[PDB]
Structure formats: C-alpha cells, structure tokens
Amino acid sequence: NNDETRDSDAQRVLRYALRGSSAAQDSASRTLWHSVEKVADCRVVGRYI
Amino acid sequence: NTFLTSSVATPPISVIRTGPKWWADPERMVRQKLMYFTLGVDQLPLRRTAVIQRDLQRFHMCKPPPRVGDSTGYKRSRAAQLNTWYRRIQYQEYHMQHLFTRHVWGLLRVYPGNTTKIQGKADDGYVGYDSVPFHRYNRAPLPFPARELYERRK
Amino acid sequence: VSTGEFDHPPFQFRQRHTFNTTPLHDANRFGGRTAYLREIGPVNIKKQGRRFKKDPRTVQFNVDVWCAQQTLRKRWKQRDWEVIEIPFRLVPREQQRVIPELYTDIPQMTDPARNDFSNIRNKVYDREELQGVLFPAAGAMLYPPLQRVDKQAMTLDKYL
Amino acid sequence: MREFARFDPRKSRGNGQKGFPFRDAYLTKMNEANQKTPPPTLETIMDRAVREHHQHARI
Amino acid sequence: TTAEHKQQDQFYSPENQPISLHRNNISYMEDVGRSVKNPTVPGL
Amino acid sequence: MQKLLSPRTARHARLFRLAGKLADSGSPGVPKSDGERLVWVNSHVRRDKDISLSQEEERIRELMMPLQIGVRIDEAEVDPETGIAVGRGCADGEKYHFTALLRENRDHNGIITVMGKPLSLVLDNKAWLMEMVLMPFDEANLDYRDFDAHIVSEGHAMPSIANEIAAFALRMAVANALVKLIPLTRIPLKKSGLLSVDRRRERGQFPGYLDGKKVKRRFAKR
Amino acid sequence: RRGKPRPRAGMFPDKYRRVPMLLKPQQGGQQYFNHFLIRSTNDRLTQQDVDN
Amino acid sequence: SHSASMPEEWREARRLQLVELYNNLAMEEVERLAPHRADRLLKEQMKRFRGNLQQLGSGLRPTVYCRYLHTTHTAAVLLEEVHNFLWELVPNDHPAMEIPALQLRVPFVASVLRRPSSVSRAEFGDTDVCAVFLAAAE
RNA sequence: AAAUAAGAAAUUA
Numbered sequence: 341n342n343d344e345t346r347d348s349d350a351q352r353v354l355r356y357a358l359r360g361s362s363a364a365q366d367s368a369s370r371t372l373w374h375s376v377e378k379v380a381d382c383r384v385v386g387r388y389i
Numbered sequence: 010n011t012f013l014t015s016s017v018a019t020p021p022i023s024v025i026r027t028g029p030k031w032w033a034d035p036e037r038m039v040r041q042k043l044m045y046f047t048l049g050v051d052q053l054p055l056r057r058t059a060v061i062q063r064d065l066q067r068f069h070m071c072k073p074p075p076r077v078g079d080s081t082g083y084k085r086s087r088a089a090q091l092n093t094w095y096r097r098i099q100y101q102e103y104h105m106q107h108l109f110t111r112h113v114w115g116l117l118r119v120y121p122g123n124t125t126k127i128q129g130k131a132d133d134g135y136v137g138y139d140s141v142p143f144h145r146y147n148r149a150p151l152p153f154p155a156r157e158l159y160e161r162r163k
Numbered sequence: 024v025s026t027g028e029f030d031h032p033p034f035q036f037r038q039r040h041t042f043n044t045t046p047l048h049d050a051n052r053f054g055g056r057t058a059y060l061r062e063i064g065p066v067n068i069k070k071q072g073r074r075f076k077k078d079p080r081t082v083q084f085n086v087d088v089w090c091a092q093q094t095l096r097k098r099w100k101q102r103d104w105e106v107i108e109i110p111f112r113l114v115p116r117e118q119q120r121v122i123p124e125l126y127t128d129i130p131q132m133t134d135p136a137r138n139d140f141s142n143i144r145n146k147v148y149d150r151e152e153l154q155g156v157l158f159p160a161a162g163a164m165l166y167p168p169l170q171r172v173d174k175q176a177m178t179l180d181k182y183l
Numbered sequence: 118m119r120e121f122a123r124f125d126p127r128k129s130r131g132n133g134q135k136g137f138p139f140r141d142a143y144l145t146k147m148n149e150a151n152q153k154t155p156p157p158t159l160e161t162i163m164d165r166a167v168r169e170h171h172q173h174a175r176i
Numbered sequence: 243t244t245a246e247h248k249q250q251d252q253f254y255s256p257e258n259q260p261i262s263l264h265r266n267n268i269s270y271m272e273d274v275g276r277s278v279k280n281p282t283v284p285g286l
Numbered sequence: 001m002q003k004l005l006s007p008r009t010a011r012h013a014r015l016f017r018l019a020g021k022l023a024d025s026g027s028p029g030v031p032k033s034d035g036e037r038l039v040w041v042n043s044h045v046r047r048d049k050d051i052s053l054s055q056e057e058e059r060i061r062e063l064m065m066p067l289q290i291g292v293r294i295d296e297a298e299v300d301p302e303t304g305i306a307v308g309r310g311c312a313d314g315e316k317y318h319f320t321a322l323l324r325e326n327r328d329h330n331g332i333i334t335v336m337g338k339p340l341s342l343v344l345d346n347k348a349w350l351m352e353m354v355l356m357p358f359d360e361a362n363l364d365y366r367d368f369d370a371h372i373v374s375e376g377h378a379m380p381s382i383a384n385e386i387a388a389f390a391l392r393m394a395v396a397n398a399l400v401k402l403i404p405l406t407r408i409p410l411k412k413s414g415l416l417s418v419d420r421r422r423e424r425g426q427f428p429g430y431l432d433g434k435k436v437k438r439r440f441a442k443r
Numbered sequence: 010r011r012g013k014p015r016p017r018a019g020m021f022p023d024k025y026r027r028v029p030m031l032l033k034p035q036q037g038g039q040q041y042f043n044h045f046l047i048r049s050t051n052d053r054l055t056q057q058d059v060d061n
Numbered sequence: 147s148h149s150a151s152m153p154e155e156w157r158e159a160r161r162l163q164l165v166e167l168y169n170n171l172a173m174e175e176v177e178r179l180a181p182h183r184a185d186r187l188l189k190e191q192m193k194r195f196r197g198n199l200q201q202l203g204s205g206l207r208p209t210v211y212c213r214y215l216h217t218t219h220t221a222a223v224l225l226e227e228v229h230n231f232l233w234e235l236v237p238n239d240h241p242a243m244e245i246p247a248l249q250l251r252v253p254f255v256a257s258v259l260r261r262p263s272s273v274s275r276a277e278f279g280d281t282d283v284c285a286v287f288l289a290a291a292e
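Protein chains in written order, with the authors' numbering: chain Y, 341 to 389; chain H, 10 to 163; chain C, 24 to 183; chain S, 118 to 176; chain X, 243 to 286; chain A, 1 to 67, 289 to 443; chain V, 10 to 61; chain E, 147 to 263, 272 to 292.
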C-alpha cells in the first residue's frame with residue numbers, strides 16, 4: 341500500500357534476484373547455481389514491472 | 010383472535026409454576042419473542058426468564074444441596090430472597106406479555122376473549138356473544154349484534 | 024409427517040377456557056366441526072343430553088371420518104390431471120409393457136435401462152405431447168407446442 | 118443391504134414378501150430428487166486445498 | 243502422567259470438575275439496587 | 001471510476017492461483033470460469049477476515065466475563302462394504318425404538334434423515350429437539366457434516382414424533398451408532414451420559430382409575 | 010388419600026429413581042475439556058516468563 | 147549414548163532411526179497443539195525436540211519447520227522460529243550479524259551448506283533453506 | 001385426586 345516505498349523495495353528484491361546471493365565474494369558455486377536455475381525468472385521480472 | 014369466550018383467570022404464580030409445560034415451553038416463548046422483535050423493542054425480561062428457566066430445566070432431576078443447621082437462618086433466608094427475586098423477574102415478564110399482546114391486538118383490529126381490556130379501545134372489559142346476556146362485571150345489558158371496537162373498512 | 028391433531032381429547036372433569044386449556048368441544052378444534060358434537064350449557068344429566076355426544080368410541084369415529092375427508096380433499100386438490108384411456112398402440116414406449124394393478128406387485132420403476140427410476144403409477148404426461156393422439160380430428164394443433172429451454176445456451180446464469 | 122445389492126426385480130415373482138427389495142434402499146432409488154448429488158461445496162474444496170497445498174498437511 | 247490417565251481421566255465428571263450437582267443453584271445474577279422493605283401490600 | 005475485478009491483495013493473488021491449479025487437475029465441483037473463481041477467492045478471503053474478527057471479539061470478551290477399569294473401549298463393528306454402523310435408541314420401553322444407520326460422508330455434505338424425511342421436517346423445525354440429535358457429534362468432538370445418517374422407527378408409529386421424549390430416543394440411537402463407528406469416541410459419550418438408558422413408562426392403563434392411569438375415583442365418608 | 014392427610018414428600022419413593030445417575034445432571038461439554046487443559050498449561054508457562 | 151561398545155554401522159543405523167522418530171514426534175505434536183492456539187507451549191515442546199536432536203548430531207528437518215511456520219499466529223514467533231531453524235544448522239561460535247530491530251542474531255549459513263564443486275538443483279543445501287524462508291513469506 | 005415419562009424442593013418418630 342505504500343507508494344513512497346515500493347519502488348525502492350521492488351528494486352531491492354530485483355537486485356537480490358539478479359545477483360542470486362547476498363554473499364560478498366563471487367564464487368564458482370553461485371555461477372553453477374545460476375546455470376541450474378533462473379532466479380531472475382519470468383515471474384519475478386513480470387511482477388517487477 | 011379465534012378464542013372468544015368468557016374465561017377463568019389464574020394467579021400469575023400458578024401460571025409460572027407450570028415451568029417447561031407451558032410458561033417456559035420453548036415453542037410459546039419463541040413466538041412471544043417474535044412479537045417483541047417485530048415491534049422493534051428488546052426482549053430483556055423474556056431473556057431473563059429464558060435464562061432462569063433454561064437452567065431450572067437443566068438441573069430439574071437433581072437433589073438440593075445438603076443443609077447444615079443454623080440458628081441464624083441466613084441460608085434459608087438467602088435462598089428465599091433469591092427465589093422471590095426470580096419470581097418477580099418472571100412476574101414482570103408475564104405482565105409484559107399480557108400488556109403487549111393486548112396492545113398489538115388493538116392495532117390489528119382483533120377482538121379479545123370475553124371480558125378483556127384493550128387500553129385505548131375497550132376500557133371496561135370487551136364482551137360480545139356471551140352465554141350470559143348482560144356484561145358479567147358491569148351488570149349492564151349487552152347489545153345485539155356484538156359491539157364493535159373498530160371502524161368498518163378493512 | 025403431519026403435525027395436526029388426529030385424536031379427540033378424552034372426557035374428564037369439565038375443561039374451561041384458561042391459559043393452557045380450552046373447552047372440549049370448543050369451536051377451535053377440528054376446524055369448528057365440534058359443532059356437531061356439542062351439547063351446550065350446564066347439562067342436566069338426569070333429564071337431558073344426547074348420549075352419543077359423550078361416547079368415546081362414537082365421537083372418535085366421527086372425528087376420524089372428518090380427518091379422512093381432509094386428506095381426501097387435499098389429495099384431490101393435488102391432482103393436475105385426468106386419467107384418459109388410450110389404446111395400446113398410441114401410448115409412449117414406457118407404457119407398452121404390462122403394469123400390475125395397485126398394491127399387486129412391488130412399486131414399479133418406469134425405465135431402469137434409460138436411467139429413469141420413478142413410479143410409473145405417478146408419471147404424468149403433458150397434454151401437448153399427446154396432442155396428435157388425443158385430438159386427431161382437429162387438423163391444426165389446438166394447443167401450441169411447449170417451448171423448451173436450451174441448457175447449452177449462454178444465458179444470465181452461465182455468467183454471460 | 119447385502120440382499121439389496123444382489124436384488125433383481127425379475128427374480129421376485131412367485132415369492133411373497135421375500136420378493137420385496139429392502140424398503141429404504143429401494144424407495145431411495147425410486148426417488149428422482151435424490152438422483153442429483155451435490156458437489157463438495159466451494160468453501161470445503163477451498164479449505165482442503167489450502168491445507169494440503171499451501172500448508173503441507175492433508176485434512 | 244500415564245497415557246491411561248490422559249485417555250480415561252481427562253473428561254468432566256462428578257469426580258473431576260463437575261457442573262453443579264445440585265438443584266436450586268444461582269442461574270442468573272445481576273448488579274441491582276435493593277427494593278424497599280415490604281413492597282407488597284397485604285390484601286383481601 | 002470503476003473497480004477492478006482482478007485480485008487486490010497478495011492474499012487474493014495467491015488463493016486465485018491455487019483455484020486455477022485446482023481447476024486444471026479437474027477435481028469435482030471446482031468452477032471452470034475465471035469470474036466464478038474470482039468470486040470464490042474474494043468470498044474466501046472475506047470469510048477468513050471474519051474468523052479473525054470472531055477470535056478477537058472472544059479474547060476481549062474473556063476479560064469482561066462475570067465470574289480400576291475406566292470405560293470399556295471396544296473394536297469397531299462396521300459393515301466392511303457399505304461402511305455403515307448401527308445403533309438403537311429407546312424411550313418409554315415401547316413407544317420409541319429407533320435405529321440409526323450411520324456412515325461417513327467424504328464430500329463433507331452430511332445430512333440426517335428420519336424415516337426417509339429430512340430431520341428438519343420430522344422434528345418440525347423445533348430447535349430444542351434437533352440439538353439433542355446434534356449433541357453426540359459435539360461430545361465426540363466431531364464435525365456433523367462428515368456423516369450421513371438415517372434413522373428408522375421400529376416402535377409405535379405416529380404421524381408426528383416431534384416431542385422431547387422421542388428426541389431423547391433419537392439422540393441415543395445416533396450416539397450408539399457413533400460409538401460402533403469410532404470406538405474411542407465412546408469415552409466422552411459415556412461420560413456425558415448419552416449412551417445411558419433411562420427406564421421410564423407411562424403407567425399401564427387400568428380401569429380402576431378415572432383417567433385410566435393415575436386418578437382414583439371420588440371418596441365419600443359413609 | 011381418603012379422609013386422611015397426604016403423606017409428606019419424603020414418604021414417596023424417589024421421583025427420578027428410574028433415571029440413571031449419569032443423566033442427573035448431564036455432564037455435557039466434554040468437547041471443551043481438552044481445550045481448556047491445553048490452555049491452562051500454556052498459561053502456566055506464560056506465568057513463568059513474568060517471574061524468571 | 148551409553149553404548150560405545152557396538153559396531154559403528156549399528157550405532158549409525160539406530161541413530162538414523164532415532165532421528166526419524168524425533169522428527170515424526172515433532173510433526174505429530176505440532177498438529178496436536180496448533181488448532182488450540184497454544185503458541186508458548188508449542189514453542190517449548192519444539193525447544194525440547196530441537197535440544198534432543200542436536201545431541202544426536204542432526205536437527206528438525208526443514209519439512210517440520212514448514213508445517214510449523216504455517217501454523218504460527220504471532221509475528222514474533224514466526225521470525226524467532228526462522229531464526230532458530232537457521233541456528234540449528236551451524237554451531238554456536240559461528241559468525242553472525244545482529245538485527246537491532248528484532249534483537250536477533252542471524253548466523254551466516256552458506257559456508258556450511260553442501261555444494262557440488272551434470273548438476274541437478276537438488277544438490278544444494280540452499281534449496282532446503284529457501285523452502286523454510288518461503289514458508290515464512292507465505 | 002396426584003410426587004410412577006415427566007418437569008413441584010426444605011419445619012421426622
């Protein structure tokens with residue numbers, strides 16, 4: 341319900357979804373993850389828009 | 010009203026003593042409630058009555074609590090006081106029912122049973138077609154045909 | 024499963040009009056029929072009365088006749104139909120059988136194979152479907168044919 | 118109930134009351150308004166659905 | 243406690259937590275004032 | 001202006017998706033159309049908001065309120302095929318004998334029926350009679366809608382059985398059936414005195430008494 | 010009865026003598042027992058947190 | 147515990163069975179306590195199941211945490227439960243950050259979770283934790 | 001005339 345907010349928040353979530361993890365170093369593990377499934381998948385891009 | 014004939018009045022307490030059989034018979038109590046509700050008036054005394062009586066019915070097969078003897082007689086007097094309270098809570102109801110029923114009958118162009126008051130309409134008891142040709146309590150002669158309380162159109 | 028009264032009250036001490044009690048032959052019982060049973064007044068036993076009016080078995084019999092009338096009456100008001108006697112040829116496929124008389128066999132199902140199970144006895148036919156059969160003489164149909172509802176049509180209840 | 122499951126009207130001929138099917142079951146069948154059995158009401162189907170899909174425990 | 247106790251003894255009974263076992267209990271209570279002494283007229 | 005039909009909250013959205021998924025598995029009774037599904041979802045969410053309201057009103061009400290072998294547990298006697306269990310009630314030793322056939326309804330629409338007629342009609346819509354027939358499902362902590370019942374009158378037939386004694390017998394029949402069906406349910410039932418049988422009868426008729434039962438004839442001193 | 014005084018109420022056999030003891034009064038409401046048990050148990054734990 | 151004298155495979159077989167048992171118990175008991183709105187009591191019982199399952203070198207499965215989280219009523223309990231589930235994976239000295247809003251300490255988990263280094275999604279321990287997070291969201 | 005499938009409750013020898 342908050343208009344002053346939800347853009348910042350939808351944004352935040354989309355960052356997390358594109359990165360795939362919040363862990364600081366970028367592992368080969370996270371890359372293997374991104375190969376197996378799609379975190380930025382149509383449901384999250386769709387609902388982001 | 011279909012029941013028109015002269016009747017015998019019973020003292021309020023004996024009417025109440027019928028408990029579940031008549032005074033508190035669920036069926037009867039519900040259509041009292043209907044009358045009140047339809048007139049847009051809370052039925053508090055009916056609900057008090059229903060509470061008291063509901064519980065009377067629930068414990069009606071149990072033996073009363075064991076009495077220890079007292080010179081005070083505080084117990085006996087407290088039981089009595091409670092009892093006459095309940096009696097009065099129900100007198101009030103019994104009165105309400107006769108009251109509102111007579112009033113509502115006055116609105117519906119209903120003729121009551123013989124020798125019955127309807128406050129705005131028949132002050133002395135209304136009578137028509139009694140087995141006895143005079144009004145019973147006035148000792149005045151009755152007209153033929155039966156006296157009319159209401160103007161003609163329906 | 025009727026709530027109505029089918030039994031005449033037993034004779035006792037005189038009932039009077041009270042809360043919770045009415046006279047025995049009061050006008051409000053049996054739809055005012057009790058007129059037939061009533062000896063009015065303070066009846067002087069020795070000299071006056073009509074014996075049958077205080078007799079339990081006789082009185083109850085009368086009441087039972089009255090109840091029977093009530094039921095009969097309501098069963099006939101319940102009919103919308105006549106029985107017509109139609110030759111075997113012209114009758115619908117379901118009646119082309121043998122139909123045992125009443126209370127003779129087990130109550131009988133109209134067409135078990137077509138998924139209709141109901142008393143053939145109480146099945147009622149429309150005067151409009153039997154038109155060709157019942158009024159052959161008339162040429163042009165006397166009753167206009169029934170209009171029926173398409174149950175595949177999109178209408179207000181199908182949400183369109 | 119067992120008698121009625123194996124009941125056939127053609128076998129009833131020549132028997133007395135033994136030929137009669139079980140009263141209740143037969144009369145229930147003969148009734149047409151009975152023939153249509155209601156579906157499991159929307160609130161019910163929803164409730165069960167929510168508990169077994171959303172909340173991971175069947176009712 | 244024993245599973246037996248919790249199978250058979252965990253119901254309301256005249257032992258455990260009986261509803262009032264006696265006639266003439268207090269059905270209805272309210273907060274009200276006292277009436278006058280002898281409000282009833284002696285009569286006839 | 002206009003309202004939107006499409007789901008309003010995240011809650012609505014989630015439930016709406018669920019309803020779609022149910023429709024695609026073709027389960028019985030699920031709406032095929034999207035409009036119906038919307039109505040359904042809105043209605044459901046509203047129902048849950050109601051339930052939350054009643055729970056709150058309860059928590060608030062709670063503060064302003066005014067003030289040795291135990292029992293025989295048996296195995297289940299049930300028809301393996303029909304899944305039916307059979308109890309019997311009595312009252313007045315003769316007048317009322319009932320038999321309840323009780324079976325589980327998986328569709329959650331249960332119904333009670335007496336001699337082929339719906340319970341409402343048979344007891345004449347009088348609530349204080351019908352709640353007696355509800356009681357055994359309560360005491361056993363069961364949902365009455367999970368069960369189908371038919372009661373059979375084996376005693377003296379009468380055009381109307383609506384009256385409290387007959388209802389007592391009914392309640393008993395149902396309770397005995399319930400116990401044959403769900404054995405453990407016997408312990409609450411027995412403690413609440415449902416299964417218990419009272420033996421009472423109208424006095425036998427007898428010509429000595431005026432009314433035929435209780436009233437002795439007039440007496441005069443010589 | 011006849012030209013003699015009525016017996017006191019206690020001189021007749023019990024009016025409900027034929028009704029079983031489990032019926033007078035009925036202990037109904039069994040459904041709730043377990044509920045309140047859990048409740049009370051729960052409350053006890055609450056009342057420790059206050060103290061400890 | 148008191149048996150160190152048995153073969154290793156025996157001890158592990160029986161430990162597996164015991165963990166199975168404690169988890170079935172925890173589930174069964176959540177189902178028992180949930181409809182009564184028992185939350186404090188339920189939370190205690192879980193505290194005991196968790197405690198007994200850690201000495202056994204395991205924990206409450208994610209599954210029972212899902213069934214649990216869907217039955218919770220207060221928000222406080224929901225978050226504290228996700229918290230508990232996380233701490234259950236790591237030992238107690240592990241690196242963690244404080245949320246001052248909730249007065250809680252979230253353990254860094256991913257260091258411990260199994261990772262494959272062809273590959274199915276089922277090999278990551280993240281598929282598991284995300285299940286519980288998800289349940290909390292719903 | 002009645003405390004008996006009905007519904008009543010407190011002044012023994």
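It is possible that part of the hints are untrue.
No more than 20 Å apart at the CA atoms, straight line, and that leaves these computed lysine to any residue pairs for SDA-like [what the hints assert, rightly or not]:
hint, chain 1, residue 1, chain 2, residue 2
1, X, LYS248, A, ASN362
2, H, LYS72, V, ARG27
3, S, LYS128, C, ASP30
4, V, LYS13, A, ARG438
5, E, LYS193, E, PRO153
6, C, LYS77, A, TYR365
7, A, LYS434, C, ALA136
8, A, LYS411, A, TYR365
9, Y, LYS378, E, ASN230
10, V, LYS13, A, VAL436
11, S, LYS153, C, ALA136
12, H, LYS84, X, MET271
Below, a sample of chain V positions facing chain A; criterion: calculated Cβ distance under 10 Å [claimed, not checked]:
hint, residue
13, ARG11
14, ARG15
15, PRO16
16, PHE21
17, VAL28
18, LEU31
19, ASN43
20, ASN61
Not everything, but these chain V residues come out facing chain A in the computed CB check (under 7 Å) [said to hold, decoys possible]:
hint, residue
21, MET20
22, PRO22
23, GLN40
24, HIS44
25, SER49
Since the hints were made in silico from the structure, they are not lab data. Think of the CB as a built atom: it goes at the ideal place given N, C-alpha and C, for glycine as much as any other residue.
Status of the hints after comparison with the structure:
1. X:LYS248 / A:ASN362: 16 Å, holds
2. H:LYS72 / V:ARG27: Status holds; Cα separation ~14 Å.
3. S:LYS128 / C:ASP30: Roughly 43 Å between the alpha carbons, so the hint for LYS128 of chain S and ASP30 of chain C is violated.
4. V:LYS13 / A:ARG438: 15 Å, holds
5. E:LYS193 / E:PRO153: This hinted pair is violated, its Cα atoms lying about 31 Å apart.
6. C:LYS77 / A:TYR365: Between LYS77 of chain C and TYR365 of chain A the Cα gap is close to 51 Å, so the pair fails against 20 Å, i.e. violated.
7. A:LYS434 / C:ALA136: Distance of about 58 Å is beyond 20 Å: violated.
8. A:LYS411 / A:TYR365: 19 Å, holds
9. Y:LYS378 / E:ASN230: 29 Å, violated
10. V:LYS13 / A:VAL436: 17 Å, holds
11. S:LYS153 / C:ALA136: At roughly 18 Å apart (the allowed maximum being 20 Å), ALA136 of chain C and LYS153 of chain S satisfy the hint.
12. H:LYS84 / X:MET271: Cα-Cα ~17 Å, so holds.
13. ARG11: 4 Å, holds
14. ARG15: Where the cut-off is 10 Å and the nearest Cβ of chain A is about 13 Å from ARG15 of chain V, the hint is violated.
15. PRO16: 14 Å, violated
16. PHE21: It is violated, given that the least Cβ distance between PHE21 of chain V and chain A is near 13 Å, above 10 Å.
17. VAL28: Hint on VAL28 of chain V: holds, closest Cβ of chain A at ~5 Å, below 10 Å.
18. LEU31: 3 Å, holds
19. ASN43: 8 Å, holds
20. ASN61: 25 Å, violated
21. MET20: 17 Å, violated
22. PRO22: Result: violated, 13 Å to nearest chain A Cβ.
23. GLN40: 5 Å, holds
24. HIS44: Violated, about 9 Å.
25. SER49: 13 Å, violated
Of the hints listed earlier, those the structure fails to meet are numbers 3, 5, 6, 7, 9, 14, 15, 16, 20, 21, 22, 24 and 25, in rising order.
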